[PDB]
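Only one protein chain is missing; all other protein chains are in place.
Here the chain labels run A, B, C, D and E in written order, and each chain numbers its own residues starting at 1.
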Amino acid sequence: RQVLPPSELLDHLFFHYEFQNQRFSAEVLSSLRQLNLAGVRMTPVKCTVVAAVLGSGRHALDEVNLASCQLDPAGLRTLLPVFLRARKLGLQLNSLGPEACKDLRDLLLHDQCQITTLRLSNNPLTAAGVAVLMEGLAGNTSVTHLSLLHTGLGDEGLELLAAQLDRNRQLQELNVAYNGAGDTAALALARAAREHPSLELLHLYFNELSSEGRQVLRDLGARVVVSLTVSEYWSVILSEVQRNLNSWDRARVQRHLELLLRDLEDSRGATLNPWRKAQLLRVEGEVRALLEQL
Amino acid sequence: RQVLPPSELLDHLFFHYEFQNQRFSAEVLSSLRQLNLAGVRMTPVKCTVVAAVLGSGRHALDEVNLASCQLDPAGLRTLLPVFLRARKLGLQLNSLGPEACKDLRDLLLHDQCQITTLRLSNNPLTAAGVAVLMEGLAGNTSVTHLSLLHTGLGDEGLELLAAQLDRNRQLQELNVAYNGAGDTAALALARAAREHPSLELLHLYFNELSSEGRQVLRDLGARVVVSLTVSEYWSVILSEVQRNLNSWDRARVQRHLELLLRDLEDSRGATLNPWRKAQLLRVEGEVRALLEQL
Amino acid sequence: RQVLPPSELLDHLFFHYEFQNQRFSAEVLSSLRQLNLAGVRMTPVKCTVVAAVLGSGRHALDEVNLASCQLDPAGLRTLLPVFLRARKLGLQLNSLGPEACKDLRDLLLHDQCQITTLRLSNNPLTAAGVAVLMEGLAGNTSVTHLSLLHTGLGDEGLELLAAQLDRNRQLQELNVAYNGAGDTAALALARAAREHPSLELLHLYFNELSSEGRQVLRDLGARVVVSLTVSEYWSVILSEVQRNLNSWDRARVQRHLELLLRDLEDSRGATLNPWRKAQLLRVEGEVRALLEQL
Amino acid sequence: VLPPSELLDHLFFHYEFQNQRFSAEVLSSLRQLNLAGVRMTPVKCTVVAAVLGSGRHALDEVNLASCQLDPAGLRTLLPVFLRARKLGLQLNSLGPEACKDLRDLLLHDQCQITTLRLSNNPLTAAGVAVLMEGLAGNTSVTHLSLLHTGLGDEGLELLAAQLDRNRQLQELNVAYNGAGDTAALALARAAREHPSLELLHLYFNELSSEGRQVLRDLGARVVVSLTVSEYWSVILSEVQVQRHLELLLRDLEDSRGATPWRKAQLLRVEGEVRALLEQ
Amino acid sequence: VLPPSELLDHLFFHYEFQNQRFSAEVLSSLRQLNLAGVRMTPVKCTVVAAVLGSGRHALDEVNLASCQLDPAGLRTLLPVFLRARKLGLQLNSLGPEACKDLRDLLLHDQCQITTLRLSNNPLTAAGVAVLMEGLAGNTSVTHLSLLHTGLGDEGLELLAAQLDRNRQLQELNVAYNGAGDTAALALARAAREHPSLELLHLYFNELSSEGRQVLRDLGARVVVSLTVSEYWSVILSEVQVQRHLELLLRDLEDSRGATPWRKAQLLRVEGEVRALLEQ
Partner (left out) sequence: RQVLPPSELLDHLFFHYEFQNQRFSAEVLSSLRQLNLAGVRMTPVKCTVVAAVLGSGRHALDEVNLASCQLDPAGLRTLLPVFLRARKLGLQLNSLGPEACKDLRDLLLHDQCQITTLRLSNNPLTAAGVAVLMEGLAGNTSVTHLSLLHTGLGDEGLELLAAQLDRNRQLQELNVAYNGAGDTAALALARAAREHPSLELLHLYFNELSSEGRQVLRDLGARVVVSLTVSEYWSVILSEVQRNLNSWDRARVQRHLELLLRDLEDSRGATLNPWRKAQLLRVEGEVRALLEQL
């Protein structure tokens, strides 16, 4: 005869399952390769726990996703050991400002840094923020793909990148789309890119470019993207869903995302284009990550 | 001096309580007879845990209530060993469609099935879904009470039951209220019922019957209920509260239910009629199912 | 080419429709017989407007329904000329306290009062409030049906009615259900009722009666209703829907009510009993009051 | 005295009363009607039909997405619909009951509708059958959208069998309708054989990966994989962007004006957007 | 596999399992207990009593504001309460039923409670009578808060008649209790005659402007007009500040450390804040 209400009863059964499997699941944890906490409010305490339990392990973490986690500077510092384990680090939509950039800077300067992909989009970094970040990028050798989409850089921000870029020698992809920047800033950076030793791709769409500004960019092999007309197209939609995840019919949003995943698999299967396959597989990555979060 | 916030502090106290009592409550679990998880979102993982901890035990589970649990087909399959333990199985309000009917079908066909009462109301089963369900019912001997209220059947659905019914020989009560069906379907089913070897009671209220349709049914001993206006009266009332529980004022609803519970006790004590009593005992169980769930 | 947004555009079309039809609908207004404003927040200004436009007219207002209107004492005073036109006056769910009882008192004492049915349920009137109300009732001859369900009366309140009742000579029905009262208060009132020259029906269900308390009442022709378990059955059901109307799924509730309405029609047509019919006619009016309000 | 909103209401009345003659003229010369998102009750319906039932111009666009429209409201709104070149009725919970009214709209001698968008309504196969009869006797409609309308197997086979009865249809969207390999194939076949049909959408159905290739390999153009416009059309229906909206046209226009043989496909993908922008 | 929250739950379990011995020690030496805002069901109550029913230290503060506590929960929590120096129970919907349990808490030989905050509970005059009996046999409580507890006329007169039965009460808050001129005056009188009572709060009652002057003109200090601390105490109960919170102490501390004869009143007004800051 049951004394515990439904949710309290389930909590209780969880505890027992978790108690009985403690030794087995402890081993499983030390061998994790992926860590998705997108959409959970990472308070100081949760931050502390994640660093304690996962601050060390056998393998690198192929991916660490903390999109939309309401992360602050302090949480960042606490999570440093976990980030040092990461190859891909997603920190989008976390409200990070210049304060947090000092901590990222140190993460990038750290001898143990093995981050190849860093996504900092949809955080109000600021020009001040990026300047600080740039210094970390100056002494880093691991990072090949960096995203700064919609991070409040503006003119000042992009000119700073343009001037400083060549101090990093391994960066391959930089995304600076949607940052309120005008014609000359955009051009200075486009110029720096083409002169860069490693930089293969630069995103400049959704900035405040005039139509003549665009042509100049277009006419200027580091590849400059000035218009949305491919995986990036997708990124920005899925940015919206990630935003509104909590706000929508979960069961519906799940099926939109399942069909889109299926849809992506096949388009990937049925072209032989290397760069097409790579672009789709990227979108597969973002979609799987939203499903998980549901 | 306290470092954790209120809910975080309570979690921590829970863990310690649970840790200290582990041996004692592990024993309590193994001799459970009732399982109410109504209103909790039963994700794959919760499904997995419940199957693991409660998949086996001493006694049958006199009742298993998972109304309003956002259960999918997969979670169903996971939960099959728990369902095989159940005498009474509530799965209302779970968004189950035709997909989930195959799993129910197999549950009903399983040699170990000892389910007597199966409530599937407020799930979009469909005519397709009930066709599949019917096949399971064909090879079942345990189920005596089946509820299909508001399951999307329509004319196609009820005509199907009418044609297939006599393939089951132990069914006593069938609720097909509120299913969008018209006069002839309802009449074909009412006909099949009266010729059925076991079927004692069929519910047809809240369908799309014409006033002449209803008299025909009325004039037609399997008893046919065509109008709500006792145990089913309140069933639909409570079914309604069941949708909206956490979704509106808790304390107020708690008191309404306590007073209603009390009104029913007294009503039951003041009748000698074995039938009336039994009808009322049903409703108290439902009130108690909601009280607990609060 | 459209400049206004959707709702703003609709407002503008409304104005023009209203402007064109001004003379015609002004006439329609002057011969209204019914006034349902249930669910709208009746502020001082809305109160003022309604009094101004409808303070006078040809006919009596067969019914005035202002349930759930967040009405205060002042708005009451404002609305007095409209209330003097009313045969039936619904003021449930308006948060009326003792303050508002003086205004009701005066309404009941007014020479032009022709209110027959006054429903004050779900307002925290209080024993103090009912004392004041009672004085009005003492000098009234129009009111035959009075509802005080869940108005905070308690023992003090019901004892008051018991002592004062016979001062009114035309009252036929009194609902004092769900008022927190105990066995003796309920018994004193039930006693006063049976000795009352006119009082045909007293409701006492959902009070804090003991099971022995209830039998006593039951064993005690003024009819005393001690248990819910027909017209009052649903009253409390609907009273519940009435709280939560816009607050939850509209289309679903619309359909439930349409089907219920329909179930009641048919039930009424299928009984010859003049009493049953009348009970059911009451409930349809209430269903229709909710339908309209949607 | 007047609280803020009530005071604003009162100012509106007076502004509206002083400008009555002037704005009455403006209305009769309206060419667009967007009521997307307002709950169109019987009364609101009645008012719209009264005030806008007739006018000088055709209504270049009529948008009533997400208006909680019922069959009755539909009948009331018919004289307004008859004025419409483009008619949006997405997300209105329209079922088979409403399809009779649509049927009669399509069959009406005055029908001037070129684009009809019925997506995200539970039409059903029963509903589309009835709709198809209207389409059979229509000559105005060139673009029809049936995205996520509960058609399934039965529904798409119906279209495949009945389509060639219409001779002016250019674009048919039947994406996201729960349909499998054969139904999708039947309809893809019918499309290629169709005298007018230039584009068929079949993405987000229940196709197998071999189903897809067959479709792909099969000039009516069949779209089987969303992966060149319909991207938000599927998801934009879930919220029902504050900058992103215009920035796709601001982006696709500055890209429409920098290309030959496929300068057209940029335009009708800009138009699927230019829709949702104001829509 | 594990979704984000479920994965976090699992990490928590493991962190909690590894640290069990260590944090068990930490708990037994807790001195503060704040559960403000969590719905304390029977089970949660039971757990708290089990794990924290006994310990080394007194609990310098126990805060359970806004916890949806009932009478039963109260009884369950008694052994925890007995450990408390300061006990907050505001906003818990406590009525006369609960007052018996409070009464017994106050009468208990082990009662060490100095500050008891019962505001924004519908105690009632019936409730306060019962509470008063407990207060009669209590010696620990120096600060009692009855702000907005439905006392009225009847309630305050009761206090006035019964007060002198307690001899250690220093501060009584009966603000915002719907009481009129005479009740307020009776109680103000009783206070001035009281052996210990240093401060009585009477603001936000139903006093007339002449009532106020009489009170004003009448050393137990009677506060009749909120216009030197209780400012948010009245409104802070409505939300139940992200910077404003600390900035009042950050402001009142840097003002507590720049003054003599009334350096004390800055402190106990800082303490009414220093409460709500963590509370």
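The definition used in the following text is that contacts are C-beta pairs under 8 Å (C-beta built on N, C-alpha and C of every residue); 3 or more make two chains touch, one makes a residue touch a chain.
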In the full assembly, spell out which visible chains the left-out chain is touching. C, D, E
Touch as defined at the start, partner being the missing chain; which of E:75, E:212, E:268 or E:274 qualifies? E:212
Given the full complex, what residues of subunit D touch the hidden partner chain? 3-5, 7-15, 17, 41, 43
Contacts of subunit E with the absent chain, listed as residue ranges: 176, 203-204, 209, 212-213, 216, 225-227, 231-232, 234-235, 238-239, 241, 244, 247-248, 251-252, 254-255, 257-258, 266
Over the whole complex, note the residues of subunit C touching the chain we left out. 4-5, 8, 14-15, 18-19, 22, 25-26, 29, 32-40, 46, 49-50, 52-54, 70, 95, 292-294
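Note that only the chains that are shown with their structure count from here on.
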How big is the gap, in whole Å, between where the Cα atoms of subunit A centre and where those of subunit D centre? 37
Distance from the CA centroid of subunit A to that of subunit B, rounded to the nearest Å? 45
How are the chains arranged in terms of who touches whom: line, ring, star, complete or other? other
Interchain contacts, given as pairs of chains that touch: A-B, A-D, A-E, B-C, B-E, C-D
